[PDB]
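J.: Below, each chain spelled out in residue letters.
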Amino acid sequence: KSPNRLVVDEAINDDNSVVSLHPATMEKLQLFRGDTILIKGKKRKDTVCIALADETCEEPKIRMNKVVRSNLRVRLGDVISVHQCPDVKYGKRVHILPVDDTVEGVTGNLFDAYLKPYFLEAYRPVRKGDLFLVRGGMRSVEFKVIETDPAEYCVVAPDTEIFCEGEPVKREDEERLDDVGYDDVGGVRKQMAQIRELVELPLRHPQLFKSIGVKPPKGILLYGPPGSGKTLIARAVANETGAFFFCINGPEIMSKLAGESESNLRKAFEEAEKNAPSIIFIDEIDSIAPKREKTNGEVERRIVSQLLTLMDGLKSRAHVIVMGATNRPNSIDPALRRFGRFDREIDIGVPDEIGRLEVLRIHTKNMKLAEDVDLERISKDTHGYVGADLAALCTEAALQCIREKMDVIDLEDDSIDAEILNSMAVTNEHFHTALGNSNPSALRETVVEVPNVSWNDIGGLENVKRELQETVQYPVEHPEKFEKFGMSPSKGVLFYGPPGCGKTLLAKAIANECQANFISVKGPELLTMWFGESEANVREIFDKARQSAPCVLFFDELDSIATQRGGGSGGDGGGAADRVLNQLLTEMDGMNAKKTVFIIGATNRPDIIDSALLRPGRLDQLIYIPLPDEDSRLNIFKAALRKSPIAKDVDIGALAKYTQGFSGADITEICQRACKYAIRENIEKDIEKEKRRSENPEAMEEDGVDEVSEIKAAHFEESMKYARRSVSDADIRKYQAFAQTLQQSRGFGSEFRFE
Amino acid sequence: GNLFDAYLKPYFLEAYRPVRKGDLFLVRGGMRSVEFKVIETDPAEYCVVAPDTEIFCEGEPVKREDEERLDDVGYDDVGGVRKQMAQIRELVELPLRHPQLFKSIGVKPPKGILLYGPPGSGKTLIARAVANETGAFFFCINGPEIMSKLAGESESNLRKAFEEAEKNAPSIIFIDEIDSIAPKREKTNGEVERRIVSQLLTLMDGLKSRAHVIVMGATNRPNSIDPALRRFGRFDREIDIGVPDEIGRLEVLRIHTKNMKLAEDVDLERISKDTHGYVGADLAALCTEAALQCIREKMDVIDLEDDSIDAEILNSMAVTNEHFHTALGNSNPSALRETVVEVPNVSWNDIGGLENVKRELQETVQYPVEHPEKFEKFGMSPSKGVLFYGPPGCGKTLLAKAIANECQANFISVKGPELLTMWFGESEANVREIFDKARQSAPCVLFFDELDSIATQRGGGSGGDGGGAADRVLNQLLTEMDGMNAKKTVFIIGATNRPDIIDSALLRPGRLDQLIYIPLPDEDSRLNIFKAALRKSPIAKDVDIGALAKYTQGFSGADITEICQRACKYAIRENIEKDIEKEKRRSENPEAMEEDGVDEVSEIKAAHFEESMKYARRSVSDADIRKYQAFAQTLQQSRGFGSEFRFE
Ligand SMILES: Nc1ncnc2c1ncn2[C@@H]1O[C@H](COP(=O)(O)OP(=O)(O)O)[C@@H](O)[C@H]1O
Ligand SMILES: Nc1ncnc2c1ncn2[C@@H]1O[C@H](COP(=O)(O)OP(=O)(O)O)[C@@H](O)[C@H]1O
Ligand SMILES: Nc1ncnc2c1ncn2[C@@H]1O[C@H](COP(=O)(O)OP(=O)(O)O)[C@@H](O)[C@H]1O
Ligand SMILES: Nc1ncnc2c1ncn2[C@@H]1O[C@H](COP(=O)(O)OP(=O)(O)O)[C@@H](O)[C@H]1O
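Protein sequence lines, in the order shown, are assigned to chains A and B.
If you read the first sequence in PDB author numbering, its first letter stands for residue 25, the second for the next number, and so on.
If you read the second sequence in PDB author numbering, its first letter stands for residue 132, the second for the next number, and so on.
Please note that the accuracy of each hint is not assured.
Stated by the list, open to error - Part of the chain A face toward chain B, derived, beta carbon under 10 Å: (1) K25; (2) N28; (3) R589; (4) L605; (5) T610; (6) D613; (7) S635.
Unchecked claim - Calculated Cβ distances over 12 Å to all of chain A for the following chain B residues: (8) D413; (9) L550; (10) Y701; (11) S718.
Said to hold, decoys possible - With a straight-line Cα cutoff of 20 Å, these simulated EDC-like cross-link-like pairs (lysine to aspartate or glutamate) come out: (12) B:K736 with A:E779; (13) B:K404 with A:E507; (14) B:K672 with B:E714; (15) A:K67 with A:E198; (16) B:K745 with A:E779; (17) B:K140 with B:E185; (18) A:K25 with B:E428; (19) A:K52 with A:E82; (20) A:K291 with B:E276; (21) B:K318 with A:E317.
These aren't lab readings, by the way, just hints derived from the structure by calculation.
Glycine included, each C-beta is placed from N, C-alpha and C at the ideal position.
Kindly generate the complete structure, drawing on both the sequences and the hints.
T.: Here you go:
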């Protein structure tokens, strides 16, 4: 294996003529940064590129994009040869023609529309016969290079002539460059990695499994909310590995007559086996094999059995992978997930803020977004949006831009000029309107997130922070030393104290600091899961916690369900609170084996909490969160005002001294009322602009920077007029009569000295 | 490749294995097994392999003769089911190994066997092993395949199978997934659904006389099928293939890694301890994932490609502990909710004190079962109901586990929340199922914990006046305990923390009528508990323990364990801070020397114990002790009766 032989890799930058290598890789071949490098591919193909040094890449791997790989007829992870050749010289004339399959409906000067920005200031190497993709005008166009002066390869220069006259060329056997790839899917990085590591061996190296004799995975079930992108992921995996893709739709198979439905699956399996390696995607598999409780027999029980038979009908491996897709794991019957039929399961959940931003950037790559568009704000605003909703939002923004452009020009005809299409810019107003018009679809889904709260957002509670670190961070980040002492740490924490003191913030901060997933569940949410209880849902939550390890499972508002039976709980009819409490106890007893899931509970009435929760193996550790002291009150005031442009004539310290018995929520409410007063004052000052000009039309422009109207001492004094304490004095002593009994430290202070 | 150095060189290394011309042998390696057939040898027919003996191997592979495959399932390919394997072997040894004897004796042999357990537990594996190791003919019937086909064809397939099996007697018919063919009669689906099952029943009676044919069913739950299948003659035998225990899981892991070259650092015992709720299929998948991870790591550095990997390359792959750890972390169990019938590892030495309770438990439990021939001599039947009461966290569950282990009896643990969680639209059979699982596992100890949730008195000391959940379960428990007295080898032990509010229906004779009070440990027992909790922790030499026991008054065993846990956490923090010094010093001075002179143990010192004792909390108030004493004395009647009864 010569040093000039490497393994291709996917690149972060999507430039069509840029290849990234580590400096150590280039040192072995005398390659320098910014040079011109030839790469040889398969089936007698080759390309020319330029090199950039990136330290993130590794020596064995070379980074390229999809277009270069398509030109080289190679796939990801394949082996290529890299050579250097200084014969690449400046060319005089290069003749390029577009592809007929992509230029339908657009007629005009494609030169200034696409090629002029494409070759502007970039010395992109060009080889005769290759193809490249240009994105613009809300579409993508394939251009195939026809001729060039310097033999086969050349460098485009400002003085180089670019010939483009001629009819569009006809597509050859080369694959489409607009098909789905790994760059067309966003927010599913972990699941994408799992699927890639599951399917890399059976697909990229099939014959190896004839030699080793180990059975590769066969059945994969993807589940998630509709529109989350299961089919997109399947198609991307199939395309980027070069596999043959056969798509089976559940409605189509089920709709057809009996016997035909059984024959279609057999034909599909036969074709996939004959065209191995291949991927069979059974879209919407829930319709074919529903749960056995349906009690509908005859034909309903035939095909599913046949399906099971045909799942076992694959007598031996044939480089064939079946990929199911449903909405809920419990929707299908258990017999489908036996050993050999469907062994692998992946959850494609609703994306988070970063995933939503990635999807938005994916769906706007053909659009010319204006400079004022802020996709980060849109990603923050869209909560409960699946990728389909984001795609629809982008389409609506594009359509609004098209409507605004057509409002002023009556283009009509049959083909819009390419320059006109490229001149359309989508602004922030279109996105705002489309976002306001649209509605989410995955609001009720349990979100598994990594919170943004850190320790710096919490005012005080330093001892609680230290105890939480010792309790949570060490068992997971440093597990190799806990086993040395032979003592297994407890995984149950219960925060108790006055309401609005920072228990949820502490849970989010400890989840974020350990870089662990966070799941938040409330008592009303547990009770709302139908009073004709579907008792599996609670278990589902723990299941979602089990596959997301490491994770922090936070239960809030336990006082609604976790009250003692009869002694301190209303509703003696029962069946709702007691049932959920028993299910929680059983799940917490059964969760001890995961070793990486921490359960945190919060309550505001620790005296009436059920004693069954405090037993070992359950939330047996108790932490008391008190009202913040004056230093912590100063910290909370500073934290609440981290963004508000507060005026310089402020004290804050006397605010902390004055606010006794006020919780953090009360401080936040005081700041909110001060902000409202400042808003009112700013509005009244803005009204002066209209009033003065109405009283005198000859008034001059007074728009000398907008009046900030900072939070001044007057606003704070007005807000403090009705500042209400949320906790009475009796609450503090009630909590103290539980903390001291749960500490046993008033009489044990430095009184145990032994040698 | 060079199969010689790959397989034969280690096979004949230092072993003087006799070799006969014409035989075959199996060599395991490279994640596979290879059959080698001996062709020739110099000393006539038999010879002894020696280091100076030439080994010729050049030539094409031979073609398989009528000899059976050596990779087929056998008794060594099944693990963790030793008792059930013995039962099946003793049930099928006579009809299969000695068939014609049943034409002479005239006694009807067993015909129908139903194996049940969680999916993936290994029912088909057991059936195939039994069929192969007895030389019987094996016909496999799959429920989905029979049910899927059209009407009339489904009835004809069973008839053809029975005809073929009878014509090729002795034989075993395995009806895999029999639950689909004959579900419970409550399905209320008629016509075809009622045809085949009836036909099945007919074909179960269609075997007019014995024909050296054994039918072997396989379902998931005994109550899933209709009762008419288990009539006299159709399906008379039933075996439960439950989820394996730690030893069974270790056996399965060793079974599935016999073709793999495990590295020296692999500790399968830790994996067996870690995997809880894993059926054999899950363990097989885990081993396959570890092997695949090893293959990926090996392919990461070499681009072998071609079409056939060299045998030496395959044999060079070693599976390490990191691969097993990663695969175990990735995998998830499948039998978590199954009732586990285990033999606990707790012994008397793990319990601090309670010597009188240990003696009473021995007299109550061990003697009636280990020495039953002398109880009948006196003519008095011992009671089988014990109720532990006392403060929480004092060792009632430990006592139950220890008494189960000392008698070498199975242990089943059930909690009140588990009983209530069995749907509030109660499937009332589940409680009975537990007792049924106790009945077939005799001798067994059935331990009920946290009875205070369901066993409170009706109305007087129980919340939720709507009813239907706690009272129903209490009535079912009373009925089952009344009906359990006939087994003579099942002991029911209950534990509660509020004996004053317990229902008086439980204390009647024939039920948990014996009461034992477990008190807070005394100072000697506190010393014993401190010693037991620290049996593995490397405690420092500057410790007293005795003054710890003296100081901890009103602290339960759980409190002592929590104190030790907090001390361990403090030691962990100190060790982490000391480890950070290795990075800090080298960052402040890159020319620092290697200070890795054995890892700092950071033993539990007096400072850690003193820090932990700062917030050491008593879990029981002083009122709890007197509340329990106001029940113990009334349940003992011994304050006024001490050595006051002297008669001759
Ligand atoms: N994670 C994602 N990234 C980018 N696009 C997505 C994503 N999820 C869904 N989409 C878009 O949604 C459209 C249809 O979604 P689809 O995959 O059919 O839904 P389902 O997964 O329920 O079958 C696709 O055209 C795709 O562009
Ligand atoms: N110690 C604190 N530091 C910063 N913010 C706080 C603190 N305590 C309360 N807050 C504010 O109070 C609001 C709600 O408090 P929350 O944590 O929900 O109360 P609880 O602990 O009762 O759930 C949060 O938005 C948070 O900003
Ligand atoms: N006790 C066991 N020992 C060894 N392997 C087992 C055991 N139980 C299950 N397996 C493995 O599980 C695989 C399939 O299990 P199977 O017997 O088909 O499940 P079921 O019993 O539900 O039909 C078999 O290939 C076997 O190797
Ligand atoms: N006498 C004792 N000897 C040893 N350990 C004990 C003792 N009492 C309590 N423990 C410890 O307390 C923990 C839980 O006690 P447990 O037996 O569950 O209490 P309960 O009897 O209320 O069920 C166990 O892990 C055990 O190690």
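J.: Starting from the hint list further up, note which numbers the structure goes against and sort them upward.
T.: 2, 8, 9, 10, 14
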